[PDB]
Amino acid sequence: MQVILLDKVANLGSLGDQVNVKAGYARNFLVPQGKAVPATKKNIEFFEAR
Amino acid sequence: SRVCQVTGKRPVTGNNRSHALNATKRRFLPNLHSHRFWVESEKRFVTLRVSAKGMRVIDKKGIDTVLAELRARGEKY
RNA sequence: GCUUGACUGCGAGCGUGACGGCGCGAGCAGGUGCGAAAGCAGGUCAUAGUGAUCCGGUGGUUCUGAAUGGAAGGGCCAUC
RNA sequence: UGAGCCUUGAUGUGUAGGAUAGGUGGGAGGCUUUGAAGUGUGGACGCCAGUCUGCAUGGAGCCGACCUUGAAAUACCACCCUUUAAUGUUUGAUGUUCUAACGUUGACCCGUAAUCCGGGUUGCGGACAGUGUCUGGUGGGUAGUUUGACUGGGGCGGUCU
RNA sequence: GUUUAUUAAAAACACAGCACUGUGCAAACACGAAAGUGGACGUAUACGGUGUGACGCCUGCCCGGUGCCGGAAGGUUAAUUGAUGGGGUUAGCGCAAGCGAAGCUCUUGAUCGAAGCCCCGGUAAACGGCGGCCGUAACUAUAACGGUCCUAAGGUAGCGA
RNA sequence: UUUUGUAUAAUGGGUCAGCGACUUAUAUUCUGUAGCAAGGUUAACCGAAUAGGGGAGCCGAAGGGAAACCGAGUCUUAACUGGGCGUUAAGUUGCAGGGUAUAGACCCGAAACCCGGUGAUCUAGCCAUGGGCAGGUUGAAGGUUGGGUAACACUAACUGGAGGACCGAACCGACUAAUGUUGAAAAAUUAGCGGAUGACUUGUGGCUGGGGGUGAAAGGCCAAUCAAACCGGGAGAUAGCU
RNA sequence: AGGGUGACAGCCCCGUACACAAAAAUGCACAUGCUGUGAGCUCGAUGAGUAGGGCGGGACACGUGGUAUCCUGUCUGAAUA
RNA sequence: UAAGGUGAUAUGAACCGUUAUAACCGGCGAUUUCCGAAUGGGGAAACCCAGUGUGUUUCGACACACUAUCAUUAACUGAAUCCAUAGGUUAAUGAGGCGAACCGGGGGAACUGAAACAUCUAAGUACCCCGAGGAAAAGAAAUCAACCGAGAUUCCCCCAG
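Line by line, the protein sequences are chains H and X.
Position 19, counted from 1, in the first sequence is what the authors' numbering calls 19; the numbers after and before it change by one each time, with no gaps.
Position 33, counted from 1, in the second sequence is what the authors' numbering calls 33; the numbers after and before it change by one each time, with no gaps.
Simulated from the structure, these hints should not be mistaken for lab results.
Treat the hints with care, as some may be off.
Stated by the list, open to error - A few chain X residues that don't get close to chain H, going by computed Cβ distances all over 10 Å: (1) 8; (2) 31; (3) 60; (4) 62; (5) 72.
What the hints assert, rightly or not - Okay, the calculated beta carbon distance ranges per label pair: (6) X:19 x H:17: 34 to 44 Å; (7) X:72 x H:41: 31 to 41 Å; (8) H:16 x X:62: 14 to 24 Å; (9) X:19 x H:46: 49 to 59 Å; (10) X:45 x H:26: 53 to 63 Å; (11) H:11 x X:16: 43 to 53 Å; (12) H:23 x X:34: 10 to 20 Å; (13) H:23 x X:44: 22 to 32 Å.
Think of the CB as a built atom: it goes at the ideal place given N, C-alpha and C, for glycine as much as any other residue.
Sequences and hints are given; from them, build the entire structure.
Structure (structure tokens):
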């Protein structure tokens, strides 16, 4: 879905991008291993402040 | 048991309505899967008996918010 | 030869069935066909050529229209 | 590799005709020294009929009802249709590789002097397998039932309006 | 040897043997909603199913039908995908005859689409089939033999009174 | 009792006494009776509790048509000389009874179906641990020596003791006949008969449960029973039958 | 009221109507004390894998029918006075 | 409260008491063997076999006390693995079981009726299972109504076969 990147990711990422990703590549790789977070419109200001 | 741990969904019964409307009893099994989840707060691979809808709920609420609901009703995980 | 009465709305009275029904019917109202006219024609000389109901299909009729204005559906007439 | 979508470029031989005219709109001046016609080639399309354009010679012009066409302009400016090509996005299909879901009735460590199970490491498979829902075929393995009546008893034959 | 305890002890059942087929182990198969177990702490010289029933001589012909095994260009084909078309409603426009935007909604279901079936090829120690009709020729007369019937093929060996 | 018809040799009763079968609840219609009368009448509830209060509501004095609608008329049709249905007949509430409806519905009686439990101390198969098979006979493989062979073969005694082997008690089974048939016995006795070192038999304990088990296969067995055990429940199943 | 006493009892007896009683335990009432709980006013905030939809069912008298509403096994999926 | 009394079959025997400690009845206690949720482990229920702690004018043997499982909380220890968790020990509190009906919820037939029977009916009935209470359940409107309004839920009578 709408996850935002956080790292030195390959060629879809620029340290934070709103992309259209699938659910299976979202969880177990990008959810809790690091590097992403689901964009529930509360975290879009919270981690950009970080 | 075939009970979803997150959403509490349990198998219900039904009928196989044919072309001649003959009633035959059967069950409605959920799309349950034993998925291994990772948490940041406890640093542990936590396996949970969840459904296909249960995976959809746990993505929006979060991996740690659902465990607060299992904490409140005394479930084990 | 000319033609659409193989008309529509009705119908006193009667035959015939346990019933559902079926069969005959002068006459009236409307509009016709034929004959100059009186008149005759509501199918075939008559009696066999048939199927109830339910659920629906089609056309017409605003008849009904679960707040109102419609509509869906139902009903009635024709018909499968 | 099949499709849409977005810029970017090509693309249109009924026939008379200065000539391989896409249609509607504004439209009698735009463009050229922010260097033009007209000649000379490379790449290229293709019904080899011709055309576009980089480079370059060139060194100051070409146009419009022009007469013809069922419809007039490479005079310019617009949104575009026909067909076609290459980048770029999007959605599917096919094939390869890979790991992180998932499988492990391979190995090892610990709970634990424990053949289960749970946790961890690692190997091998791997988005297959299998499961859930929906759905086509198969299915006496099983379940509920049906298989008519008159009839010189029943059956055979025959009949039912 | 076994069996109808309690009317049938056998020509029945079983039997080693033979043959077919399934099965590469987390096996096929089976008990179980499942877990798990049996199979088996076994590994195709093994296991499960099926028919036949020591041994000796042997086991012919026929794949059309029905089953199974594959093969697949096409036909047909579910869920799904919702392309078009029709209808209702009304902002507006028409003194009205009516028409009808957007949105919502009813309905219609082109295209996509697997196995199966049709189709194509095998398989009889698969279920099964192994037939008629006419014409002769030593004493009855055979059916050697000769035509036909294309439904796939018309009794081989051995036995029979 | 049932029949066209019973002394019927058609069914039923040994006798006596007790017991035993057209009910009840709620609705509706009809009749009788009683009250009021174009009106009649309450239900729950309240309650000075069978009074009284309560008129929610039901039924009747108006019908016709599918209906809108119209109305002593209405429908049918363009409209009916008409026609169909109505107007010109007092109902209503109790009580008793004759019926019907729903309930088991006059009483007794099925074979079976379904659910929840109980049983492998009998029997079928299996698992674990133990036991039993008197006596006699046939004399396999192997072994040794001699004969025999060019060398094996082959053969002779001796040795050895194999067998779902032979005969025959215990034990297990039940082929034939008699007795037995309200038996001594709800399958037995006597005399013959089969197996009897095996696919045997047996004690004790364990496992497999009903649409299931097990079955060297009879559709047998699963507590004197099995073409689906037993018990309890739905259940007063149902019966157009006696 | 009723029962008994040698056959049928208002006056024989137990009782009956009526009039009374609780050391102790306990029920229900009010009154007060104690410790927590929370009042009243103003200003807000508004319950998302949820409503709804496809397929497959179930429940509403209503059997999918033109079928509203409610529940959901499956697959998805809003708006924010 | 009392002049009688030691329950009954059931007498008899031996006694008690008569002016307040005979008996009878009521409240509160004491005792309460063994089995049974059975709870120290087992068990063919009324039996067997222990652990820890404590006690002897007789420190042998016996007697006294405690020791189930699960849930929460707290303390102490404690792996693979560094932290950390899993796990282990101990303590406090609570739960367990029985019981006739009623209530809610999870599952859920068939006979029969349809003059057969499959949709249907029987019927969410019987039964099974779980949970709770003196009642339970439901309960303050995303409810009805129709342009007037009503104002949670439950129960009864009508509407109405």
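Here's how the hints hold up against the structure:
Every CB of chain H is more than 10 Å from the CB of residue 8 (chain X) (nearest about 22 Å), matching its label as outside the interface. Once the 10 Å rule is applied to beta carbons, residue 31 (chain X) is consistent with being away from chain H; the minimum gap is 15 Å. For residue 60 (chain X), the condition that its CB be more than 10 Å from all CB atoms of chain H is violated, with the nearest at approximately 7 Å. At roughly 8 Å, the least C-beta separation between residue 62 (chain X) and chain H is not larger than 10 Å, which violates its mark as non-interface.
Even its closest Cβ contact with chain H, about 22 Å, leaves residue 72 (chain X) beyond 10 Å, as expected for a residue assigned away from the interface. The hinted window of 34 to 44 Å between residue 19 (chain X) and residue 17 (chain H) is violated, with their beta carbons roughly 53 Å apart. Checking the proposed 31 to 41 Å range against residue 72 (chain X) and residue 41 (chain H) shows it is violated: the Cβ atoms sit about 26 Å from each other. Taking the beta carbon of each, residue 16 (chain H) and residue 62 (chain X) are about 20 Å apart, inside 14 to 24 Å as hinted.
In this structure the supplied range 49 to 59 Å holds for residue 19 (chain X) paired with residue 46 (chain H), their Cβ-Cβ distance being about 57 Å. One distance hint, 53 to 63 Å for the beta-carbon pair residue 45 (chain X) and residue 26 (chain H), is violated here, with the actual separation near 18 Å. One distance hint, 43 to 53 Å for the beta-carbon pair residue 11 (chain H) and residue 16 (chain X), holds here, with the actual separation near 51 Å. Between residue 23 (chain H) and residue 34 (chain X) the beta carbons are some 18 Å apart, a value that agrees with the proposed interval 10 to 20 Å.
Taking 22 to 32 Å as the suggested C-beta distance range, the pair residue 23 (chain H) and residue 44 (chain X) conforms, at roughly 23 Å.
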